[PDB]
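Student: Starting from the given sequences, assemble the full structure and let the hints guide the process.
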Amino acid sequence: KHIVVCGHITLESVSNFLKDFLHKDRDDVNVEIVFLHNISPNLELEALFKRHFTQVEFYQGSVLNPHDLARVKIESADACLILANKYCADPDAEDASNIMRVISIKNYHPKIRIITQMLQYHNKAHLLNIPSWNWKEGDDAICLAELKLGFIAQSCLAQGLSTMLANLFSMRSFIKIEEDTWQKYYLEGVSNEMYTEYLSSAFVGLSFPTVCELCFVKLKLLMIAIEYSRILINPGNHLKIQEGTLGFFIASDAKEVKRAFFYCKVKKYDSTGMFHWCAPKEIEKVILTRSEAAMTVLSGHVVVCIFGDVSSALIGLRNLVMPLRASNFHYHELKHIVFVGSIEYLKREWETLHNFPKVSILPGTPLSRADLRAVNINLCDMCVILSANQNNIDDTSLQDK
Amino acid sequence: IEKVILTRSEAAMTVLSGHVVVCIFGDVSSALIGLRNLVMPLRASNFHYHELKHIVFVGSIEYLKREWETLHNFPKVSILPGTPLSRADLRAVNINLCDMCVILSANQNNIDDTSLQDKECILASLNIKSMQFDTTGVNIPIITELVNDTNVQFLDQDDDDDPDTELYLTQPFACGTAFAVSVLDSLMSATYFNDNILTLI
Amino acid sequence: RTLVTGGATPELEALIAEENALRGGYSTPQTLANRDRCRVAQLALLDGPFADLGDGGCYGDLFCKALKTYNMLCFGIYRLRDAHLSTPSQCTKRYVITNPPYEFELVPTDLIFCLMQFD
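In the order they appear, the protein sequences are chains A, B and C. Per the deposited numbering: the first sequence = residues 343 to 570, 577 to 613, 683 to 818. Per the deposited numbering: the second sequence = residues 700 to 833, 871 to 937. For the third sequence, counting from 1, position 102 maps to 1039 in the deposited numbering; every step adds exactly one.
What the hints contain is simulated information worked out from the structure, not anything from laboratory work. Any given hint could turn out to be false.
[Said to hold, decoys possible] The list that follows gives simulated cross-link-like pairs (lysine to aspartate or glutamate, EDC-like), each with its CA atoms no further than 16 Å apart: (1) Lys526(A) - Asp1019(C); (2) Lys698(A) - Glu768(A); (3) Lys562(A) - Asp998(C); (4) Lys560(A) - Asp1019(C); (5) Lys764(B) - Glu701(B); (6) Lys453(A) - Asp894(B); (7) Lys764(A) - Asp788(A); (8) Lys588(A) - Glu555(A); (9) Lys466(A) - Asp998(C).
[Claimed, not checked] Which bits of chain A does chain C cover? Going by a derived footprint, with three or more residues having C-beta under 8 Å, they are: (10) 492–505; (11) 556–562.
Idealized CB from N, CA, C, for every residue including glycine.
Tutor: So, in structure tokens, the structure goes:
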């Protein structure tokens, strides 16, 4: 089988993708990789292609050309991969381009798996409205902003979870360090990855905690979730596991993963009921001052710092606030969120946030020590620093200064 | 204009059957396209009053207000502010019972990008085809306007799309669900040799 | 997505595809049991009932006890950088340990990643 990779073909991204996809510790690497781009590769990129001689082949053409698509033999390809420029000056143009790529691929072949990045979350509905797209079948698209903001938001409640999750996908081996420092323990931790495989049929009438402790104490595997049309994260003592539920595994390699099958023996909430919802609020109701923040006692809260202006792009702070307003939390256990940054920029995104409670805004700059003392940064649970204009600034180097 | 402004709730509770919907992609900065000449043959007088086709508009309220000064004298016209890309908005006007749907592009003239031409029109056509009702949107009769002839391949899926093939051989143009201004160039050579435009057109 | 974004259900996906917005609702017999799902939490083994095992107890023993006691899933260890070193210091930086083995000792000043149910 072979796959097709197209889009923002840039050498460092290609090197990272190849070194992650074609890692030696995988089971089988029999699948082939085919590239597509409108620009001829440079000499070091032909050197890389020669280094990976028998696994990757390059071709010249345009993904919007049906003749080129037939040339690459997409109809025989198992899946198609799309790479997007994460450092583009205009995120909307790149998103529209990727949408055009997806449209062309689906038009040439209706039934095929496509995986792509997504710079902005608000175009996900645009991508989903394609007639041939079906995420149930396996057409999956990752949203960079959504995943990053979710990682940060979950790190706010529990520090370190961001890297805990991010280290579960980088396919890595185990490297021994004898210096008796933190490095060896952290490396032994990062040696683990994520796998899925169907469990043995002997676990039907058992409860989820019972099968968890059994598999742990027996073969050193632990559960995080099972597939039910739904994925349940750690059901407790009231769910009987069905047949072929495809439990989720955490292990260093798929060899121990395989061992499981071979077993020897008023309007307060959203209409969906998913997140807390409140009445729309005017921004003047949440504008604060230094004196207001001083008289407002805040503790165990979250402070986010945003740098930008009207000319800057949009981060999507709604997508960061959203995981922190889930129905899983009680109302009085919610973490108060305050905003420090340019009000002229933040009015461009306030209209996507008026439905959430316990939100505060303090105009100014996050470099003001007086403002930071006013918001009681001493007692904050987590401080978040972002920058909307991190991409469009002129200098190639000296970023996020 | 306030008399014919319709919001989502009142549009949903009202019933429309055999009507004509119009999708407009424009704003205050976009160049005027003219719509009196569009509503004109519909609001001719060969038809009786009862058999007249109702017309509703979906587009930017600024563009509709700018164009309303030459359109208020026609009957059975309604305006719905919003965008044609909203599934709930399209459901509110009962497209499944609509006679036929028209898609325009106001800002096609001033855009200089070689790519992204007619992308919003293609997206709207794909969305209305992907509409699902209680029975799907593939049977909804639509007509779309194009400014790039090569973009006609994306308007349909079960077609042998080829770039070397010219316009009129394509399945969308043969079926009448697509249109472009580049077809009109033959009218000059047509009218040089005869007098057909003076009466027939 | 369903772990880090609070929840990504097919119903919510269909609703956001249809509307591209969110609206409030009303209390029902359903959408109220919908809150029953696990959330991320951090547990300090200093004042809790598990602080006794924090001296030199086994991580696997702590894990199995937590599961059999509260369905209390725990999978990560947040440990100080210089905790292993015998020399005391004022450093409070803490690294992350992913999936410790069963035969793992516990420092009394360790933070443990955990998941807990909803009441």
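Student: Holds or violated: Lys560(A) and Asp1019(C), Cα atoms, limit 16 Å.
Tutor: 33 Å, violated
Student: Mind checking the alpha carbons of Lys764(A) and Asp788(A) for me, to see if they're no more than 16 Å apart?
Tutor: 20 Å, violated
Student: Would the pair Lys562(A) and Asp998(C) pass a check requiring their Cα atoms to be no farther apart than 16 Å?
Tutor: 13 Å, holds
Student: Mind checking the alpha carbons of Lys526(A) and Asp1019(C) for me, to see if they're no more than 16 Å apart?
Tutor: The hint holds at about 13 Å.
Student: Does the alpha-carbon distance linking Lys764(B) and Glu701(B) stay inside the 16 Å limit?
Tutor: 10 Å, holds
Student: Do the alpha carbons of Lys453(A) and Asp894(B) lie within 16 Å of each other, as the hint requires?
Tutor: Holds: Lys453(A) and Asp894(B) sit about 12 Å apart, inside 16 Å.
Student: Does the structure keep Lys466(A) and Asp998(C) at a Cα separation of 16 Å or less?
Tutor: It is violated: about 44 Å lies between the C-alpha atoms, which goes past 16 Å.
Student: Would you check chain C against the region 492–505 of chain A, counting CB to CB pairs closer than 8 Å, and say if three or more residues qualify?
Tutor: n = 10 at 8 Å, threshold three: holds.
Student: Need the status of pair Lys698(A), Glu768(A): alpha-carbon distance at most 16 Å?
Tutor: Holds, because 9 Å separates the two Cα atoms, which is no more than 16 Å.
Student: Examine the region 556–562 of chain A: at least three residues should have C-beta closer than 8 Å to a C-beta of chain C.
Tutor: holds (count 3)
Student: Sort out whether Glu555(A) lies within 16 Å of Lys588(A), counting only the CA atoms.
Tutor: Holds: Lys588(A) and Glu555(A) sit about 15 Å apart, inside 16 Å.
When each numbered hint is compared with the structure, violations occur for hints 4, 7, 9.
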